[PDB]
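First comes one chain, alone, set out as C-alpha cells in the form solved without the named molecule.
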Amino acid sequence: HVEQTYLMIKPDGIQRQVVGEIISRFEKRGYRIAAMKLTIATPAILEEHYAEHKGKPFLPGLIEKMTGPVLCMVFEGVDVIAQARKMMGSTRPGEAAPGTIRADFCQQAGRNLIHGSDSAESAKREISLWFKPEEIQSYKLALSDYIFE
C-alpha cells in the first residue's frame, strides 16, 4: 500500500546547504529512503527529465539553472507522490502554503529548491532516468508498526 516518488534537490538546495533539512522533513513522516545519490546534472539528462517542455522558451534558462550538483532521491510511503507535492508546495513560492518547503525557503519559481514527480507514471519515468536498478534499496523500517495502520 506504499508507493515511491522521485525527489531531487536542485542546485540551489545544495548551494544554500539545506540538504539535511530537506531530508529531515521527509524522514519526519516515516518515509523511507529507498535511493539517494549526489550527481552533477548535465544538459542531456535534463533535456530528458524536462522532455515535456522541449521547445518552450523557458527551457534553455531552466536547464542552465539546473546544470549543477543535485541530490537524486527516492522516498517510499503511503500516497507519497501526492504527499511530497503537498509538502513541497506550489511551484511559485509566493503561492505556496506556509509550512511547505517552497514557502519556508524560497522566493521565485526558477529557484524553488526541489523537484518531485507529479504522478505515478512520471515517478517511474524519472526514477528510471536518474537511477540504475542496483541503486534502489529494499529494506523495512523498524518503526513500521507505529507508522502504518
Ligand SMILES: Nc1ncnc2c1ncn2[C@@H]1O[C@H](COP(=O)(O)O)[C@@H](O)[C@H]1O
Given for the second form:
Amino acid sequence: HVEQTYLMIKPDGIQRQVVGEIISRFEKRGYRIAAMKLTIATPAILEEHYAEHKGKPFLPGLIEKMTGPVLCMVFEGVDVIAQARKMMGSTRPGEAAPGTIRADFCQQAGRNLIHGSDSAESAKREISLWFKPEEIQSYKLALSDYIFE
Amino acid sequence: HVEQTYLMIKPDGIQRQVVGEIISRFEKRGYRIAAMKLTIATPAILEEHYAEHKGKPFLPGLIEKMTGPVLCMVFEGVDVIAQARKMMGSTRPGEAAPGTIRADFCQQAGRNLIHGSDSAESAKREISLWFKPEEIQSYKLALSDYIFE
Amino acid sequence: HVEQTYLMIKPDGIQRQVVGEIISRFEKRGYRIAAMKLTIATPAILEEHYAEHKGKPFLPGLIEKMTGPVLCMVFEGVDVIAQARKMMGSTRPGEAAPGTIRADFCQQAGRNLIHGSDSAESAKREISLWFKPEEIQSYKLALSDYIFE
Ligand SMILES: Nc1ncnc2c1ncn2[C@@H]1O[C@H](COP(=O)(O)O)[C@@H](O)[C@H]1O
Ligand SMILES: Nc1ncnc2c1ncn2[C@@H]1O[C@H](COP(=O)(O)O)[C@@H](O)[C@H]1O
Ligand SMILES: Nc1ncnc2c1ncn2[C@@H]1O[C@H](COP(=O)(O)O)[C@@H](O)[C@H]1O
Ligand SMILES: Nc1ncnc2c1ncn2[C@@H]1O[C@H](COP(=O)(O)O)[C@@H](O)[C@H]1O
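Please could you give me the other form, the form deposited with the named molecule bound, since above is the form solved without the named molecule?
Complete assembly follows, chain above in first position.
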C-alpha cells in the first residue's frame, strides 16, 4: 500500500542550487517521482495553498517569500506523507534532528527550503491544487521487488 | 577493547547497488574490515542463521527474500556490535532515526538492506556460521593513533 | 541576529584528512567563514584554551593529544554556538546522534575530531585566544536573502 505526498522546493532551494541534492534524498529510499514541474508561484495559488491561514498577520509576508521559482513534486511510497515530514525535520531548523533536510541545510523557519504535505487530506488537496491529473505519471519502479515487502 | 560484529548486506543492498556506500559508512568511523566475502545465501544456511525463528509464519517468505547474493562482513571497533546496530537503525525503516542506513535507504522491514549481530553471543555464532575462522584477517590500521584514545 | 563560535579541527581531523568534509558541513547551512588558520597547537596555548581544567588529573593527557596540527575556525550564523554543538554531537561518539560529526566519523571521546565553544562567554574567550582581531574577516554572503528570514 503506497501513498503520494506533495513536496515543493521553495525559492531558497532553487536559488541555493540544491534541487538535485533534495531529490536525491527521496530517490535514495526508493520513493517514486510521480510528478514534477518548475513554475513561478503566484499570490493567487499561494493564497489557496495557505488557505488555512487566511486572515492571519503573518500570511502576507509568507506569500511574499514564496512568490518566486518553486519545484512542485509528487513522491510515492509506503507511509510517504509522514516519512517525508520526518525527513524534512521540524519547521524551525534549529529544532530539527541532525540528518534532516532542514537541520542539514538551514537556519530559520522562514527559509527552510522545502514544503511537504502534513496529512493525507492535505496531500490530496495540495496535489490537486498544483497538478492537473494528466500531469501525474503512473509507472512501476524496476527495483520494486527489492524495495517493497 | 575492540569487538567484532557480523554485518551482512542483503540481496536488496546488492541489487540496488549500494554496497560501496554501506561499506563507506563503517570505514568512515575507522572500523576495520576483518573479513569480507560475497556469496549466494541458500535456504539451508539461512535456516541456521534464523534458527530462532524456526516454525514462525513469516520465516518462509523471509528465507525467500534472503535467497540471493549477500556480502558477508566482519567489522572491528570499540563497542562495534552496539554501534553498528545504532548505525543500521530500527528494523522498521519508518521508525529508524534520520541518518541511519535503514532510514536513509529503505521503506519496509522485509527489505531493510542489511543485517547486524544483536549481541556478543550472536556475533560469535554468526561469524562462525558464515566464515571459516581463517577468513578473519589480522592487521592493524595505520591511523590507529588518531582513531583510538 | 547572528553570533560567532570558535570551532577547531583537532589533530585527528587533520591526520585523517577530513578537513574539507568538516568545513562543508558548516557551509551547507549557510554559516559564514569569518576566520580560518592552520597552526600547530603547543602546550602553552592549550593550557589557556583549557584553563577551566587547571589542576584536574586528565589535563596533561588532554594537552598531549591536542599537541599537533589544528585548524582554527570562526563560523557565523543564527544561534551558531548552540547549533554547532548539536552538529558535533555528544562528547562520546558512541552516544552521539547519527548525522552528527562525532557519530559519523569517530569512536572515542579522546579522538572526537573537533572542538566547539560551549557558550557565548567561551566563544568570545576562545576567539580572542586563537585569533587577533585583524584576522576576523567581515563580509556578507551573497545568498543572505535566501538564508535569513
Ligand atoms: N511566517 C509564519 N508564521 C507562522 N507560521 C508559519 C509561518 N510560515 C509557515 N508557518 C507554518 O508552517 C506551516 C508550513 O508552512 P510551509 O512550509 O510554508 O508550507 C504552515 O502551514 C504554517 O502553519
Ligand atoms: N518478516 C519478519 N517477521 C518477523 N520478524 C522479523 C522479520 N524479519 C526480521 N525480523 C526480526 O528482525 C531480526 C533481524 O532480522 P535480519 O536483519 O533479517 O537478520 C530477526 O532476528 C527477527 O527478530
Ligand atoms: N577525552 C576524554 N576521554 C575520556 N572521557 C572523556 C573525555 N572527554 C570527556 N569525557 C567524559 O565523557 C563523559 C560524557 O561527556 P559529556 O557528554 O560532555 O558530559 C563525561 O563524564 C566526561 O567526563
Ligand atoms: N580527558 C578528559 N577527561 C575528562 N573530561 C574531558 C577530557 N577531555 C575533554 N574533556 C571535557 O570535554 C570538554 C570539551 O573538550 P574539547 O573538545 O577538547 O574542548 C572539555 O572542556 C572537558 O570538559
